[PDB]
Every structure is written in C-alpha cells, then in structure tokens.
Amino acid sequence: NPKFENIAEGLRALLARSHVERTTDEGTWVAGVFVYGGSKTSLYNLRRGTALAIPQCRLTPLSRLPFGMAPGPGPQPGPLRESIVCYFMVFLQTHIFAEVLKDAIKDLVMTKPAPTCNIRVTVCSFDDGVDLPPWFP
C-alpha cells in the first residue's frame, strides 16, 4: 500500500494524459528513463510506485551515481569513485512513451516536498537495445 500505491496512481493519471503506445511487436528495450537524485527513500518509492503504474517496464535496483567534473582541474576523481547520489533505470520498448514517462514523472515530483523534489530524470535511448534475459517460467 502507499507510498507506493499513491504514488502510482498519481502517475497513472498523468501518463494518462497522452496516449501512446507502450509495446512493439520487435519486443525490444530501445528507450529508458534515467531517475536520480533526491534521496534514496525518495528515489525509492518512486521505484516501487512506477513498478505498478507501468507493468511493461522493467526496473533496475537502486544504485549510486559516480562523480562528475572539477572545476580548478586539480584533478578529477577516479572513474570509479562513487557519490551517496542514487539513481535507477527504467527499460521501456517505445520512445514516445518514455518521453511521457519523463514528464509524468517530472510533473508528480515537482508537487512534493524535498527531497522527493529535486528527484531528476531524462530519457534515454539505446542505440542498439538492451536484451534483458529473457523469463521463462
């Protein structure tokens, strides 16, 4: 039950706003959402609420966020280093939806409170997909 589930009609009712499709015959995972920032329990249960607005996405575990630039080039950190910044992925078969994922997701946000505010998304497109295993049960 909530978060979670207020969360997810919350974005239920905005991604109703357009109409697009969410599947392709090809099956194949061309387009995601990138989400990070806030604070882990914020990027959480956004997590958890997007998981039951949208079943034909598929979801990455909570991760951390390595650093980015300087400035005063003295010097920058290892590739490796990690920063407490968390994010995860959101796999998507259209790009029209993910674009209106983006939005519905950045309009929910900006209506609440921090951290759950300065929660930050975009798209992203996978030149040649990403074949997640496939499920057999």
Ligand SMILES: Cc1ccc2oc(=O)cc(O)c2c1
Given for the second form:
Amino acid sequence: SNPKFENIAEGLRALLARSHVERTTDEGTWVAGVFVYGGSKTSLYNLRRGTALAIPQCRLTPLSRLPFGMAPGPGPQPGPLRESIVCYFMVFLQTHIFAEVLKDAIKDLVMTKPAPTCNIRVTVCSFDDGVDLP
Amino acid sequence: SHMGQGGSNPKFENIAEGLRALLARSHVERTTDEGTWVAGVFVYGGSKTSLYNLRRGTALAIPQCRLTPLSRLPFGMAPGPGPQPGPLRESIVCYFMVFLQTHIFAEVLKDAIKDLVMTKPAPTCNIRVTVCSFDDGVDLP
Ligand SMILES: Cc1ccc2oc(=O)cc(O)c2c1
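Same protein, different condition: the form deposited without the named molecule was shown, now please give the form deposited with the named molecule bound.
What follows is the whole complex; the chain from before opens it.
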C-alpha cells in the first residue's frame, strides 16, 4: 500500500542479497551502525522507510538535524547548538560486518537516482561501549 | 565563582562549570589541521529535561564541538506496539550526539560526562554515554 517505500526496500534488498554476512549476534548488543545524512529531508525519510522494510534486524532513529561544521575565514565559528537544514538518521546494528555491507548498499542504491537522492551520504559508525537501546 | 540572582545558577550553567573543571585536567588535542569530524560521544537516557541541561551545558563549555538536537531512540529487543515496522518504532528515551575532531577528546569528554552526572540526583545520574567513531567522518555543513 506504500509502493514508494516498498520499491526502495526492494532496491536495497537486491543489493543486500548479494552478501551473506551475519546481521545479529547471540549477545544482541547494538555496537555498530550507519550514519545517513544529506540529500533532502523527504528523500532521507523515504530511504529510512525503505531501510526499515528491508532490514528487520536494524533499529532506526527518527530524522533529526545536523549542526554546522567549521566556517572558513577568520571567524566567527558557529555555536555548537546551531542547526543546519541538513538532516540525518542513524541505523543501529549488531555487527560491524553488516554495517559495512549496508553502507556499500546505500551508496550503490542512491547513486542510481536523480538529485537530491544521489546526494545522500553514509558512513559506518561504531559505538565503543554499545548503545543500550530500551 | 559567579553566582546568579538569589545565590543560584541555572542547571545548565552549573553543568558547564563542572565540565570545564573536569576537562581542565586533560590537555589533549581538540582539533586537527584536517578539521574533520571523525569522533563523537552519544549521550542518552536520564530524562528529556536532564539531557536538555547537559546538552546546553556541553555547548557552553566546549566551543570546539558540535551537537545534534535532542531526539528519541528506537527500541532494542522486542519493540513496543505500533502500526509501523518494528525498526522505526520510537521509545520515550531521548539522546543527542556530540561531534568531535579527535578520538582522544571524545574519550576525555565521555569520562567527564560520566563523572559529572554521577554527582547529580536522579534522573540525571541515569544518563549514559559512549564514544563513537565515524569511519569516513561526517561532512557537517
Ligand atoms: C533509493 C532511494 C532513496 C530515497 C528516495 O527518495 C525519494 O524521494 C525518491 C526516490 O526514488 C528515492 C530512492
């Protein structure tokens, strides 16, 4: 009933089906993830919905906003709390090996789409002590 | 030290002062020439108000960092009910993330937050924190 989200999920599944790495552990801890940002608010939201369908084993934050980085020139730098218009979401995962596969799959999927979707960025991230999701 | 009207300061200002005191013990690099955002601390739990105060105090204490807004965590094992797929369901537990340019400073800040919140009453003392690492950095705008 949501063909847009399901079609993104299918694109992701086709890429993910080409690898067979473990997505869960007996420990069950949330120790890795992918950090997904840019594009546009709507395109990121749509990707998030498709990720949820394609990967039951993950957990997702809502969209939120990124702060600014460094400003060029002699100043002023932005305050740490200032919010940009660029959005992000986090995917929590139980294995780093699958985080790497998902990062590769997102990169491969979005590059086949027109802007702004192709401007979505992704990096693997790790959590030293895990995140105790409730 | 400075004292506001009536002999008290806001909680976020006292957090800033506490963080400044703890961080002053560690003379580690906070920035790099490359200027890339490769590390962070992920802060969660407590309550929305206690995280709000911690976030505001961290910003006041550390100009070299960048912070996300407060947001909400998904569930772990066995998510709560909802019409949407399990991975998307939101708990009532909140979080924010601090981005940093060095891994050592993320470690120092993680330890400072842990030490500071342990001195505060519940629910602030229930705040949790882990260092995180971004393999390719985050290209903040
Ligand atoms: C793979 C992907 C991700 C997000 C998207 O977001 C959109 O708005 C339209 C899409 O075709 C799309 C595709």
